[PDB]
Structure formats: structure tokens, C-alpha cells
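So the chains spell out like this:
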Amino acid sequence: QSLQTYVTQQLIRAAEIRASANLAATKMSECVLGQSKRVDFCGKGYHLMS
Amino acid sequence: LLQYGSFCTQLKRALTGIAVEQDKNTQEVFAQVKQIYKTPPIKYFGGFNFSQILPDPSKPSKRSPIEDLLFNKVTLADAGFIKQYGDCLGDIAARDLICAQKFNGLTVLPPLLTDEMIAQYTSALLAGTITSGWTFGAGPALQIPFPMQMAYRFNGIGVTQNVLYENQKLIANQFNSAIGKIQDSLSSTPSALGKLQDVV
Amino acid sequence: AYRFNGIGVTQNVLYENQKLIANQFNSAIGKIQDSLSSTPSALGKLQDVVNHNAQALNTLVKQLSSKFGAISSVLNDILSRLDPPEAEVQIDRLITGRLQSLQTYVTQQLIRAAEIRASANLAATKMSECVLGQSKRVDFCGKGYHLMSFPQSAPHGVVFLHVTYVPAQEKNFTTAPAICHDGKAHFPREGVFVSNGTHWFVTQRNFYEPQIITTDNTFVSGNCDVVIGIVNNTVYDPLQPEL
Amino acid sequence: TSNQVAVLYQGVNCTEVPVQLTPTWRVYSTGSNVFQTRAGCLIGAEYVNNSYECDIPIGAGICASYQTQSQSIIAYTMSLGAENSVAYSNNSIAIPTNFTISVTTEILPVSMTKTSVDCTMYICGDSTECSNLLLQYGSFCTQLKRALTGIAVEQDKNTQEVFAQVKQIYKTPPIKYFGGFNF
Ligand SMILES: *[C@@H]1O[C@H](CO)[C@@H](O[C@@H]2O[C@H](CO)[C@@H](O)[C@H](O)[C@H]2NC(C)=O)[C@H](O)[C@H]1NC(C)=O
Ligand SMILES: *[C@@H]1O[C@H](CO)[C@@H](O[C@@H]2O[C@H](CO)[C@@H](O)[C@H](O)[C@H]2NC(C)=O)[C@H](O)[C@H]1NC(C)=O
Ligand SMILES: *[C@@H]1O[C@H](CO)[C@@H](O[C@@H]2O[C@H](CO)[C@@H](O)[C@H](O)[C@H]2NC(C)=O)[C@H](O)[C@H]1NC(C)=O
Ligand SMILES: *[C@@H]1O[C@H](CO)[C@@H](O[C@@H]2O[C@H](CO)[C@@H](O)[C@H](O)[C@H]2NC(C)=O)[C@H](O)[C@H]1NC(C)=O
Ligand SMILES: *[C@@H]1O[C@H](CO)[C@@H](O)[C@H](O)[C@H]1NC(C)=O
Ligand SMILES: *[C@@H]1O[C@H](CO)[C@@H](O)[C@H](O)[C@H]1NC(C)=O
Ligand SMILES: *[C@@H]1O[C@H](CO)[C@@H](O)[C@H](O)[C@H]1NC(C)=O
Ligand SMILES: *[C@@H]1O[C@H](CO)[C@@H](O)[C@H](O)[C@H]1NC(C)=O
Ligand SMILES: *[C@@H]1O[C@H](CO)[C@@H](O)[C@H](O)[C@H]1NC(C)=O
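Residue numbers (our numbering), protein chains in the order written: chain A, 1 to 50; chain B, 1 to 200; chain C, 1 to 243; chain D, 1 to 183.
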């Protein structure tokens, strides 16, 4: 039972970390390799570069 | 226990899937480009100072000062290195939790990509975005002077180029001051890097 | 032509190279089937989706042969070999084990369902943004400058075909930020100043098309004592010669 | 391809490798088949400075592959990419003179299989005493059925959200001519 609980918690944390990593990859693609016009996506104000 | 089914096979499969997914996430994040660009030996970009983010060749690991501060701020327990059984049998009368975990069948695996490779990827991205702008992200890299690129960016945000070309020194000084304040702001705050510490 | 204007290229570039663009598009479309057929592991995600469910069901079926500490894994043998007031303690272990197996299966299914829902939401956003319009987000609807996209259906999934524009055959040139003339500084409206070695022209961004420098495509808005790196040349006024 | 294998002892010094072991089989070490990585000790592979793309991950920046050199198994350090260096000057620019139309593919999953489970048949089958004993264990099976039904409904919801953007069924013209574009 202890092993099952540990594995379930690890799986949930892995899902959360994967979501965060996907967001980070999107930010890398959109804010560093180009100029973004989305509001408050690459900082506060008018984005220039990153 | 042999007659209780195959739960442990499922446990091993789930753990292996998580382990593979971690490396997949790292590769997806940090491997955007497949070319290793290099910065020019002469560091002059119209008055813009990039010394705080470019790699430092003096130190062996070739990391920028900001990266040095970031790596020194975060404390890591186990890095997946070789926690040799000899170290546990050393018997220094100070039994840590790592040896207790190891003696009960729990181990930590090292990541596929080292820190040096990630630093190399970051340096390549920085060189590409400094010497070419946004051209290298959609095809071959095209050279362009930095003030002209920043004028293009100001035109993108909705300001004419003569505004930039008549205030180059002030903009450069403001950028330099803003970059310089970043290290002090990061060092002064004790709980700036809370997310990674929580993860550990 | 509207799409090329959207990505930042004038329409005359399209209208003067229609046949070449059509041939390139036809060749790129034709190569897709060969590329898909040659690769053996191209459609790995859908196959993994099928295989995970198959393996989970097979494991759930296989779990029925465990004893869980009892004397047998068959209820009929226990019923026919043991005292009815005594056989209950043997059935309890089997019931508990099978319940635990069902709980594990349900939890795994829920986690996989959450992941699949996230993937489906991403696919729906891509359908809305890349197919029904032109996207300016970098590396969202392919690599390069996005033009348009085509959807196709596949078992338990979707396939997007993105069409992109990629520059090629670059050349070196000498450039200047502004042009000095009659004590006035001139900046280009759209494009960049270019020097071929002797003369100076103005061109656009992603295609080489030199033009004679004129007051029609430049604005003064300043003086000639503050811009760093200015180069002085002649600016041609169109109306003056014809009066 | 081949029946050759390589062994990796995880987190073990190569000097402390055992040569009475739990596995009956043992691999004998020669002069050049022993390598030490930050992940442990590798036996049966040869190390070179030739660098390629990663084929089989091993540890911290070390990969393995099957190469003809006589075919054998080799170990190396993964290569990040091709070296490049763009010339930078403050009075020079680069401008393209031609273009290329490219087509790329992307694959995305949408839904999965919808399954249903019967508690009485799976746990007790046709037995009546087992069903009577299970009847006093609560209402877990109701929760199981509810979760399975929710997943089943969510699959169809995902498919409908993805593939039902428009509510009009358009038709292509009978004449297929679009200025030279072949669809
Ligand atoms: C860019 O900024 C850095 C950081 O301020 C400058 O490095 C300093 O240079 C001065 C003058 O040589 C030294 O007294 C400081 O000790 C340096 N600081 C550090 C942290 O090393 C650098 O000189 C600037 N670049 C240019 C071209 O002026
Ligand atoms: C740079 O462009 C100018 C303008 O097109 C070129 O000058 C032309 O040269 C050709 C060949 O000698 C002549 O037939 C034209 O009459 C010239 N035009 C003018 C307006 O004088 C010049 O040759 C180009 N530079 C180089 C190095 O090719
Ligand atoms: C731009 O690229 C296209 C594609 O390579 C070039 O078209 C080729 O031109 C050569 C020389 O005339 C022909 O032999 C090929 O058959 C053409 N290819 C196609 C697909 O038509 C085009 O010439 C290039 N533009 C310039 C100015 O060189
Ligand atoms: C569009 O492309 C298809 C595929 O190449 C063409 O179909 C071919 O037509 C030729 C000539 O009739 C046949 O010999 C081939 O067998 C056809 N291929 C297939 C796969 O059927 C089609 O003709 C093209 N459209 C136009 C208007 O030319
Ligand atoms: C431009 O000049 C640089 C340095 O002379 C050279 O490396 C590069 O290849 C040139 N570009 C082209 C397209 O020839
Ligand atoms: C034109 O540019 C040259 C080169 O810098 C300079 O010597 C000359 O004085 C300029 N002409 C005028 C009228 O200032
Ligand atoms: C392996 O053992 C030797 C024994 O002297 C030691 O020098 C070496 O550092 C050890 N290596 C590791 C990775 O622990
Ligand atoms: C591999 O490269 C290292 C680094 O220069 C060198 O010292 C070593 O001799 C090389 N080994 C072989 C077998 O060539
Ligand atoms: C940048 O401009 C300066 C003028 O102060 C010049 O000395 C330097 O050579 C230029 N850079 C390059 C790479 O030529």
C-alpha cells in the first residue's frame, strides 16, 4: 500500500511537471526566437526581446 | 510475495515511463536549434554590454555570472552521481539519509544531459539571437547590425526608427543599468528561487 | 497573394512567379506520401495509445489467476472443499485482491484520460488557429513563415499539413541607417538601404528588389548631425525633372 | 540484427565489480571492454572519440550504438549539433534572393478506447455466496462505474470539440482548376 501511494503521488507530480515544461517550451519558442504581440506573455509592457 | 500477482511490474513500468518523460521534457525545452553558433571575438554592439549573460571562459565550466549565482542559490541533495557503496561503508559515524535509502532498494538515476551541454545550448541560442535577430529561427541565419535590429523591433512595437537613432546612448545606458540591477535583485531576495527548491 | 502580403512580401513577387510556386507546392505535396510510407515509426503515438489499452486489459485479465494467500484461485474448489462457515475467510482475500486490481486500473485510466484531454485541447486550438486563419506565432503552425494548413483524419487522431515559406540564396551587402542630403537625414519607410559597391538603393526585407532612392519611399524627420554612421548621397525628386 | 549484448552495473565502481553472485551467468572482462561512466560500469562495449547522434541512452552524455567499424557495439559521447559561426559586422547585411515552399506534417491524438467493467462477473462470477459477501463491502463499484462513464463521455466530447468547428457542409466545385495548384 505504501508503494502504491508513492507511485500515484509521483505520477500526479510528473503530470504537473510535464505541463510546466510544455509551457516553458512554448515561451522559449515564442519570446526568444521572435517578437510576441500577446499581452503579458513575455513580460509586462511592450515586448522587445528575451 | 510471489503469489500476489504482478503489481511490481506495473510499478517498474510507471517509474520507467516517468524517467523517460523527464528527459523528453528537457530535450523538448532545450534543443530548439541544431546549430552551435559562436559569438564574435570582438565584443562591440553599438554600446550594448552583454558581459553579464555571455559565457565566461576563465572558469572551467564556462558559465555566465548570472548562471553562477543561480547554480549557487539552489541547494541540491542528490545529483544522481555515483554514491558508491564504499562511501556508505566508510563508517564515519555520521549516517546520512542517502545511505539508508540506498540500503533499502531506493536509487536515483542521473539525467541524460549534463549541465555543460545545457550551457552550450543556451550559449548557442544567445549567439544566434544576438548576431542574427529572429532570422535564424525560420531558416538560415542572416547578419545584421544590432542597432538596426533594435530599430526594427521599435518599428514592430509601433515607434519610428528616428526615435531610436536619436537616443541610442540613453537606451544603451538604460539597458546596461537594468541588466546590472538584475544580479543585485536576485541576490538580495532570499526566496526568489522557491519553485526549484520546492521541487527538490 | 494576400497570404504573401500577410507574411511581409509584395504581391508582384507572387504574380511573377506563379508557375514556380505551383510546381514547388506540387512536388512538396507529392513527397509527403513517400515520406510517410518510408518511415516505419511515423505514427507512433496512436499505436502507443492502442497498445496501452490492450496491455492494461490483458494485465487485468491475467490478474485473475492469483491466490492472494488463499488455498486456491477458484471459488468452486473452495466452496466444495471447505466448511461454509470457514470458506468465507478464503473468499475475502480474493475479493480484496480483485478490488485492489480494479482500483489500480481505474486510477491509471483516469490519469491517461486527463493526458488525452490535454492533447485534444491542444489539437482543437491548433485546428482553430492554423486552419481557419493565418498565425503569426513562431513555430506554432510549422517551421518557417506560416502560409496555411490542411487537416486530415486518422484513427484516434488528426494530422496537420503545414505550408511554409523559407528564404534561400542569400547575398552580402553594405548598409547604412540613414542617408544625408542637403543637410537633412532620410530614413526608409519600409525596407532597408543597400549598396552594391558604387550606387545606393532601397529594398524590402525578405526579397532582393532594389529601387531608386526617392522622396516617395523616404521621410526626413530630422537633421544630419546626430545619427551615428550616416552616409551622404543623392535623393531624387520625381516631379522636378518633368517641370 | 545480432545476439551480442552489453552489461551495465548501475552506480558501481569498475574496481568493485564482482567477478558467489546471485545471477549464475557472468561476463569476463578483457583489456578494452571495461569502461567507467558516471552512471556505473559498462562491460562489452568499446569507447572512441568518434561522436554521433544518440542511439541508445546510457547515462550522463554517453550513448551506445551498433557499428560496422566487423560489426560490434561501441560507446561514445552524444553530439549536440554541427558547428557554425556567422560573421558579424556593423556595416554589413545579408539579404535572401530566392524562396522555397515547404510542407510539413504533425500528428496529434484526440481520443482513446471506451471500456466498461462488470463487478459481479469479474470478482465473483456465477457464485451467490461471493455476491452476498461482497454486498456488505460498500459502494466502490458505483464509483468505478461513474468514473468509467465520465471517461467515456469525455472521449466523445473531445472528438466533438475537435472535429465540429463549422456547421455548414461545403462542397468542392466540379471543375478542379485553381491556377495550377493540384489538390
Ligand atoms: C560591461 O559591464 C561590466 C560589469 O560592470 C564591466 O566590467 C567592469 O569593468 C570595470 C572596468 O574595467 C572594472 O573595474 C569592473 O571590476 C568590471 N566588473 C566586473 C564585474 O568584472 C565591463 O567593463 C563592461 N564592458 C565595457 C565594454 O565597458
Ligand atoms: C551597382 O548598380 C549600378 C546601377 O545599376 C551599376 O551601374 C550600371 O552598370 C552597368 C554595367 O556597367 C551599366 O550598363 C549601367 O548603365 C550602370 N547604371 C548606371 C545608373 O550608371 C553598377 O555597375 C553596379 N555595381 C556593380 C559592381 O555591378
Ligand atoms: C530559385 O529557385 C528555383 C528552384 O530551384 C530555381 O528554378 C530552377 O532554375 C533552374 C535554372 O533555370 C532550372 O534548371 C530548374 O529546373 C528550376 N527549378 C524549378 C523547380 O523550376 C530558380 O531559377 C531560382 N531563382 C533564381 C533567380 O536563380
Ligand atoms: C495531380 O497529381 C496527380 C498525381 O500525380 C495526377 O495524377 C496522375 O496523372 C497522370 C496523368 O494522367 C497519371 O499517369 C498518373 O497515374 C496519375 N497519378 C495517380 C496517383 O493517379 C493528376 O493528373 C494531377 N492533376 C493534373 C490536373 O495534372
Ligand atoms: C558574406 O561574407 C562572409 C565573410 O566574408 C562570408 O563568410 C559569407 O559566406 C558571405 N555570404 C555569402 C552569401 O557569400
Ligand atoms: C559627405 O560625406 C563625406 C564622407 O564622410 C564627408 O567628408 C563630407 O563632408 C560629407 N558632405 C558634407 C556636405 O558634409
Ligand atoms: C573507484 O575506486 C577507486 C579506488 O582507488 C577510486 O580512486 C575512484 O575514485 C573510484 N571511482 C568512483 C567513481 O567512485
Ligand atoms: C581520444 O581522444 C583523446 C583526446 O585527445 C586522446 O587523448 C586519445 O588518445 C584518443 N583515443 C584514441 C583511441 O584515439
Ligand atoms: C564597428 O564600428 C567601429 C567604429 O567605432 C569599428 O572600429 C569596428 O571595426 C566595427 N566592427 C567591425 C566588426 O568592423
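Calculated directly from the structure, the hints in this document are not laboratory data.
Any given hint could be a false lead.
To give an idea of the interface, some chain B residues facing chain A are shown, with a C-beta separation under 10 angstroms as derived from the structure [what the hints assert, rightly or not]:
| no. | residue |
| --- | --- |
| 1 | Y4 |
| 2 | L15 |
| 3 | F71 |
| 4 | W134 |
| 5 | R153 |
| 6 | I157 |
| 7 | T160 |
| 8 | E166 |
Straight-line Cα separation of at most 16 angstroms, EDC-like style, residue types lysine to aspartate or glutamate; simulated pairs [unchecked claim]:
| no. | chain 1 | residue 1 | chain 2 | residue 2 |
| --- | --- | --- | --- | --- |
| 9 | B | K34 | C | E115 |
| 10 | C | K184 | B | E166 |
| 11 | D | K157 | C | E115 |
| 12 | C | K184 | C | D139 |
C-beta atoms are modelled at their ideal positions from N, C-alpha and C, and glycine is treated no differently.
For each hint, the structure was consulted:
1. Interface restraint check for B/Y4: the shortest CB-CB distance to chain A comes to about 12 angstroms, outside 10 angstroms, so the restraint is violated.
2. A hinted interface residue such as B/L15 counts as satisfied when its beta carbon comes closer than 10 angstroms to some beta carbon of chain A; here the least separation is about 7 angstroms, so the hint holds.
3. Here the hint on B/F71 is broken, as its CB sits about 18 angstroms from the closest CB of chain A, past 10 angstroms.
4. With a least beta-carbon distance of about 5 angstroms to chain A, the hint placing B/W134 at the interface is held under the 10 angstroms criterion.
5. Hint on B/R153 holds. Least Cβ distance to chain A is approximately 5 angstroms, under the 10 angstroms limit.
6. Using the Cβ-Cβ criterion of 10 angstroms, the hint placing B/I157 at the interface with chain A is satisfied: the shortest such distance is roughly 5 angstroms.
7. Restraint check, B/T160 versus chain A: the minimum CB separation of about 14 angstroms is more than 10 angstroms; hint violated.
8. Checking B/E166 against chain A by beta carbon gives a least distance of about 18 angstroms; that is not within 10 angstroms, so the hint is violated.
9. Taken as a hint, the B/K34 and C/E115 pair is broken in the structure, with Cα atoms around 29 angstroms apart against an allowance of 16 angstroms.
10. A distance of roughly 14 angstroms separates the Cα atoms of C/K184 and B/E166; the hinted pair therefore holds under the 16 angstroms criterion.
11. Only pairs whose Cα atoms come within 16 angstroms are accepted, and D/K157 paired with C/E115 is accepted, the gap being roughly 15 angstroms.
12. Our distance criterion of 16 angstroms between C-alpha atoms is broken by C/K184 and C/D139, whose separation comes to about 42 angstroms.
In terms of the numbered hints stated before, the structure departs from hints 1, 3, 7, 8, 9, 12, listed from lowest to highest.
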